[PDB]
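The data below hold one chain only, encoded as structure tokens and taken in the form deposited without the ligand.
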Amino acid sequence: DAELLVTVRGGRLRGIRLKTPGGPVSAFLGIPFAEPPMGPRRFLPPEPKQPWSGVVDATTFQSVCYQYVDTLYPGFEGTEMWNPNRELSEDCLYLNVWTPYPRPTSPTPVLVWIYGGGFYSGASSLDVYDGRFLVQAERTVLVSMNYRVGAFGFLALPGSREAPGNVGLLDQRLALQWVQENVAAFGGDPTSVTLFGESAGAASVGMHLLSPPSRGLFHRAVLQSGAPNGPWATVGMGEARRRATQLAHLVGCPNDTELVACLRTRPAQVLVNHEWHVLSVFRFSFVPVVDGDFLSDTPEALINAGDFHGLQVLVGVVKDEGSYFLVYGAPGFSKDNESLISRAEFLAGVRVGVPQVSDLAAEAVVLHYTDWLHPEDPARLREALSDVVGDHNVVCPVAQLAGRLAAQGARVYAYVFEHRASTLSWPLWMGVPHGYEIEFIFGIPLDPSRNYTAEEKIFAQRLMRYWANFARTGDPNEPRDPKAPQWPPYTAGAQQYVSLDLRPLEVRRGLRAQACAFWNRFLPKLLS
């Protein structure tokens, strides 16, 4: 009750006590770290939040940033758990800070979450990102921000002062400068800050490694199912311009000053309602551009040039990365049936999964992913197209990144997440889809109101420990403790990684190595 008042550079705050079967936690939800980016500020870099008199209420999540809402399947958990759970508003630059009770008395290490969502969706307030269980169980400090998405975050007319692009990334940065200035007040150690994110959050964390001005602001990194070198995670100057112009057109706008002037007068919902027709699966309209500025060169270029001495990184993927994307465009697919596609369907699906490449490139994808004893087996065709989408978008970019980092000075650990939640509502055939590790890392199966199993509970705890050990010491392994089977670093040569699963750790070699060689070494030669 004493522990719920805290003063930070901007002024005073009041928090709320949250429960956990193991005991309570103090949360400060809804803290403003920037001026609302409204009116003439729509599309500009964020500016720091002005100080305030009085006590700001931080007992409740603030507004979700404006975003498209998935509505394919009203009532469906699988889909609705990703959708906004507070009112939409352009006024959304708030962050949240969980801290243990009692407050810690030395500086303690800080985990900062960056939500995924394809850069077009997501909120720090989703049930599945609740920081209470992780902070309780491992006495770390946890911070999450909201950051602008879609046009409001990533519309770009390259080299104009009025919509420069990458402002969502700047939002994230501002929250990270904020953590530097204020986490001490919550008992948090600003000299031990570990970023972690999924999907576009992982791409985001990636981009922070490669942006000199953000490297100052953290010490370690965790990329779950995502990387900044994705074919979906960034976009070229011309393409960004073309996408911006088309959005403008579609809302009746009409020279850059005039374009962004006109855009600035449209209701936020009007923009959102046209985001999707500017573009396939696993492609999103407004993603980070390569401007020369937040990124001085392509993510690929910067990874290759970079020095990563004295940096620890945890990276990983789920069993079935590509699966859930398929019911968003691939012919023959539906979540409500087994999706046993035919071969014709498989070939047409490959052009959807791997959009605009030479037919020569498509053929080569088809050879590589067909089993020639069973070229027409519907179930095998389903799994394969799944892999195509998975490998191309997530597993291969991650493996490239992982390898290049280890080879260049970084200590790197790697996983594959292989447990299907007992509570999942997507169909059996999708396996362990994109995003379905997150709830285990966040400790959600401890919430008694939810229906997880006993082993599920234990597993979640191991997961929180790995993550927290990584955060504290740059190594997931149980600080000083064999047997507890060991987790070896991933190197370019031995390419070692572990399976996270109800079973004890197993070590394995090569993150889909044969297929990655195809995407990473062969295929380029042949777009070219």
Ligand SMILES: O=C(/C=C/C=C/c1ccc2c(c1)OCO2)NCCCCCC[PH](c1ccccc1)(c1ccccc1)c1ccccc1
Second form
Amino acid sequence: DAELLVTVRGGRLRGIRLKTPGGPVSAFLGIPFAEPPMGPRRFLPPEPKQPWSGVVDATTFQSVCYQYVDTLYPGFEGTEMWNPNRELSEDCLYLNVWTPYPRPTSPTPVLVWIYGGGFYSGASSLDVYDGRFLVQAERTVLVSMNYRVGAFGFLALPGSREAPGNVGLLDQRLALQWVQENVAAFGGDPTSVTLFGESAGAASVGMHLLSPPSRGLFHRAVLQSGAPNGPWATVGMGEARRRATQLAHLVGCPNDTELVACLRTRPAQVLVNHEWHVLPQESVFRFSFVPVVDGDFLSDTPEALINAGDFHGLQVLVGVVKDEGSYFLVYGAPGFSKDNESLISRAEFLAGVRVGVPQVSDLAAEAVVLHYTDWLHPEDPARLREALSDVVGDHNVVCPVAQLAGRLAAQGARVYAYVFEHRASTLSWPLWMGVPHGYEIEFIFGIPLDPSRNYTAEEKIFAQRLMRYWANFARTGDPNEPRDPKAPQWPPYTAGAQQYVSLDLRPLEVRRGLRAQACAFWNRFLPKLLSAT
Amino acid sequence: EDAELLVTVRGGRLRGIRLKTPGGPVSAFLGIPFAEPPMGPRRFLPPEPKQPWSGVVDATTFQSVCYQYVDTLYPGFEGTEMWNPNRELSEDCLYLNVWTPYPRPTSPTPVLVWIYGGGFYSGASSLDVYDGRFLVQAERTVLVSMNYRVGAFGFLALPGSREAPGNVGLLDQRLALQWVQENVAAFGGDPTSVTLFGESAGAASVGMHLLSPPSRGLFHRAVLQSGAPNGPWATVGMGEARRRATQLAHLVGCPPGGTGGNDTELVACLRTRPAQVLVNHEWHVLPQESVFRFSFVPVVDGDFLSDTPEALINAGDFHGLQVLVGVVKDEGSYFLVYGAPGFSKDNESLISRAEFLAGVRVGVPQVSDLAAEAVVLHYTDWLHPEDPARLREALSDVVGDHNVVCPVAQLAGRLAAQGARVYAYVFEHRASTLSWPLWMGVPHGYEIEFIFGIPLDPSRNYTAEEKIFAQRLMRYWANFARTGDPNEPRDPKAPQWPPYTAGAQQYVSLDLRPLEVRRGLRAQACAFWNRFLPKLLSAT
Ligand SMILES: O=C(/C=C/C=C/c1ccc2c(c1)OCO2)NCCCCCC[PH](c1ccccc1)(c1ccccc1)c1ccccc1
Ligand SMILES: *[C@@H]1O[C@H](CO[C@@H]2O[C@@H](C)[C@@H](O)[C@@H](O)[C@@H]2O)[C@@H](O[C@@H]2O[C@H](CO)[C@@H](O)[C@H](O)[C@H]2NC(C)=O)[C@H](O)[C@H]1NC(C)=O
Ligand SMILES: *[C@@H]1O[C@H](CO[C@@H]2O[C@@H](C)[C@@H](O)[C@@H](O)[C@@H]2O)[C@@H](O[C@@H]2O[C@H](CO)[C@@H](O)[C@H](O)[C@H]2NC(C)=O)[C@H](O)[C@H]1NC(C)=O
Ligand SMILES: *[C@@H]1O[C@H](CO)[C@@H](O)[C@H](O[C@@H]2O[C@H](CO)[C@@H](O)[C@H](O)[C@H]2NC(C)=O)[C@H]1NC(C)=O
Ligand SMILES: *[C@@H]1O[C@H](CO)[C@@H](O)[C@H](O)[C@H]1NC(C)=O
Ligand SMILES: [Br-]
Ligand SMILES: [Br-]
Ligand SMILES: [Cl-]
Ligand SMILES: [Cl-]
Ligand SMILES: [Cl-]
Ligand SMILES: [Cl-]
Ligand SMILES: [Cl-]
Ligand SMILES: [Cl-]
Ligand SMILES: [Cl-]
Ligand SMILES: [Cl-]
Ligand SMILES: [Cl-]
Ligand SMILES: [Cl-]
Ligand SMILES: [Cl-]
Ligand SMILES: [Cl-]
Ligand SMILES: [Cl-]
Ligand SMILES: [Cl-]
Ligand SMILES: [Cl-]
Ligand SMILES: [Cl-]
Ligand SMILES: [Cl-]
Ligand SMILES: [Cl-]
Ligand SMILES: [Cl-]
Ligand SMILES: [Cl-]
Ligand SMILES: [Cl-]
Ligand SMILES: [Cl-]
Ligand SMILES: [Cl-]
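Counterpart to the form deposited without the ligand, namely the form solved in complex with the ligand:
The complete assembly is shown below, putting the previous chain first.
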């Protein structure tokens, strides 16, 4: 029919009709938004895709940007769900739009999704990011895009013109510039676009909020289990150059301008293979090529930009899962596996602190064990397991997002905070991991509504409730419904009251304090300790 | 009216008094000279044994109180007047007292020795709440208490000097212990089973006695109530002791130095100044403005204390030792009204955060800025950082934990880990007669009333449940003195009081409710004070 042919500023498109229980929606998958960043364009800021003859086959997802794939638990759904589900390519700068089947007559608010995965992995084509349920249930249009990861997106020789850094973030900004120009052609309202992303995606949303040349491209922001001020999300210029030159040394690449020309000669698969070998210490929740504080894009460290900014006119929805740290322990913590119950020794715990909190002093590590061991049960392996799970999750996600939330609200933002604490009935991961990092996404996207997946019916109502909260936020800057006071109110997070809500099968329960007592240590005391020792 | 009231000790004849309790009478010998008066040239000098006397000594009334500051904070208030000296002040104060049961026991009976508290600057055995008669009547033990020099009179030191060597208040105590070694037999007491018990500075001194070998031959069991020798307030270094002493001499105008030595001339000038002028400038030698700090305390001099108590604790001779230790529930509250901004017994002391942050700087005086921030981290409720009610209770914890709770918790674990049999309690019943306000809970010093059986005095308006409580407590203590074990020799149903161990850390709760066995003596808080905080101070 004619609903599946739309033409944007660069050429004609041919979409696909997707089927949901609630009805059909129309999808345009794999839209080129940049000239392929190959050869001399590798490590370079993206260039806008020039117009094309003919019609683009936009019926299936395009390729995945080159990334390391996870072989810890081969064939296991818990890890394979996040692995690439299409061919790897450096020709990967494509985006996707979902829109309702009766194409909207009125301008509709748009959600744009930025996938996570520690700036080294991820793809928009993942099944857990399927847009159809969100646009069919709540009648918004949804855009997602691929951005370069690993060294291809975030290797930097700071100061150089040929490896400037943050081109994966510039990939994102370019796609946002694309929706301003082209989301109108699909029923989307350029004047109400909401960014939402999880993990490294959430941090990417944060950095767009701190980068003036992009803050004009969106109006609301959702940060799921991530913040740009996290200890893992940025590196200094000196460390970025230190990591880039050692990668070149590892692939036999003997100044800056010759260093980068050499790297463009290596096949992309050769760079990927040496990615994790450049890290300065053996560590958990650390990644080799992430955004760099260079003055371009990030005028200052994200913590500074957060501290002295004005956020009036901004609504932000942020939150964490209940067990942020558990997922990461099985990726390098001594004594941890998905297959046993991971009851660690005190010696394994004490060693786990040094790898969970890498590159801090001996005194700092003692401070961590002082705050996290139970001195009536210093040896109980279950308590040490839960303890190290907290250490990693708090230091890396909750305390970074709690710090961002307190300062945004205190400086003019309207902030709503959640803790997602429902364990999916479908969870392949063991039960000691609780609600792991990344396992709200399924519900936010309404995946329980897929008949092929056997989620319970109470779970399907949960996702419909959740995707309404999100849509509601995107439309209004408020998850609650305006003509519905009887429904339990989601109060704004504020620096003093620190109110958040709980997302599980029970109605909205309002709790106060986002692990306040622990994040006082990470956000307040610990920097003072490091600065004076 | 009998012959039980005429006893002869190694130095002469004594004349006692019959004392009255409801349950019966006891015979008491008060004001027994155990040392030659430390006057004139004897000021600041180690005590000398009382020379023997012709005739009979009148041992019928309490002797004098050692010269000390009197508390002028709340005149006429029972809460503060309770501890104030209730006899004439004099430097002639080295006298002791003995209580013994009527018909003095046929058998050798164990003896309890009491050492009073008051931060080494105050206190006397003459206080009403230290009246021995009730428990010596109730439990058939003999009880001894003694006066020791306090303030500069007991603990001024120029380390190395012959004329002010320090710890002479402790040497006063040691002299009294060897006195019972020679003479408690004359009263029915067994020199070979004597138990020391004391509160705060008393508790610290009994603790210090078991770390000084020449005192371990003088007792066999030890009770430490709300005090420990390793407390941050209980000892000073030689350098700080000389610094605090010389500054007192300058404050009362002692320049001269014509011949001899600088040290010996400095003290001779101090010997000439009246006692009350020294008392008046006592609190001015403190290095910073503080609560729970006292200027003249024992010094680590190499003699009495060969090393710091925390050192001496670690490598001690403690196997075969029974020790009973505990704290009240609100240790810090009493001390806040003596310098913490925003606090009064008459106010509800709802403090601001700005006042709290200033209060940690005075409760925890001797430390760096980074250390002080660490204290605010663990004790602030970051969900209600401004709530004045929580800030009030919070600062109470900082002072209570830092000064008594964590020091006795540290001493109890290390005694247990080296072979001692340690029993631990938490006293958490609030006397109905409480003079102090309600926010102070059970303050520092208000278990003493019950331990001594003051609820049984008809003059006082204690409740009926309180008098049975005191009888139970007086039994716990007596049992320990007799056996090294407070609970019943083989009670079938009364809940057993387990020994405190370094791993299980079991203690009991002392209130009208039966023995509650709890685990962990503020374990999570004292990890900061006993373990993390010293590393931080040594590393900044
Ligand atoms: O803690 C981490 C990071 C983990 C998370 C990834 C993730 C997953 C799903 C997500 C997501 C993020 O956000 C949204 O959803 N740690 C690194 C582990 C990542 C995978 C393999 C790397 P590691 C290695 C190298 C250097 C330092 C530390 C770790 C490895 C180590 C121990 C056990 C298993 C794997 C490796 C690299 C190259 C060859 C062999 C092994
Ligand atoms: C929990 O399991 C981990 C890993 O156990 C096994 O790893 C494979 C070798 C295989 O046997 C799987 O069935 C298990 O998952 C234990 O930690 C490992 O211990 C082995 C020694 O047996 C050592 O060689 C590895 O390096 C260890 N791995 C790590 C990451 O430390 C751990 O001890 C188990 N917990 C227990 C037993 O309480
Ligand atoms: C709580 O009380 C203290 C002092 O207790 C007394 O309370 C009053 C009835 C008044 O008569 C005071 O003079 C008493 O000492 C208060 O602390 C002092 O407050 C005054 C008033 O401005 C001030 O000048 C002093 O510096 C304060 N003392 C300090 C800071 O050490 C305190 O303010 C009272 N809190 C209240 C009433 O909320
Ligand atoms: C880096 O290394 C050498 C000199 O240190 C030099 O090759 C690079 O720039 C060169 O500039 C020359 C000017 O025309 C010319 O030889 C060529 O453009 C280029 N060389 C190349 C690409 O191999 C140096 N680059 C810097 C200093 O930025
Ligand atoms: C549940 O769904 C899985 C795939 O997600 C499928 O393999 C399985 O057969 C389903 N359950 C049943 C009982 O059929
Ligand atoms: Br244990
Ligand atoms: Br012994
Ligand atoms: Cl054409
Ligand atoms: Cl499996
Ligand atoms: Cl419409
Ligand atoms: Cl740009
Ligand atoms: Cl930062
Ligand atoms: Cl600031
Ligand atoms: Cl170090
Ligand atoms: Cl247990
Ligand atoms: Cl507002
Ligand atoms: Cl399981
Ligand atoms: Cl709550
Ligand atoms: Cl005489
Ligand atoms: Cl005679
Ligand atoms: Cl008898
Ligand atoms: Cl005292
Ligand atoms: Cl000296
Ligand atoms: Cl000094
Ligand atoms: Cl307590
Ligand atoms: Cl508050
Ligand atoms: Cl409240
Ligand atoms: Cl509470
Ligand atoms: Cl009152
Ligand atoms: Cl505690």
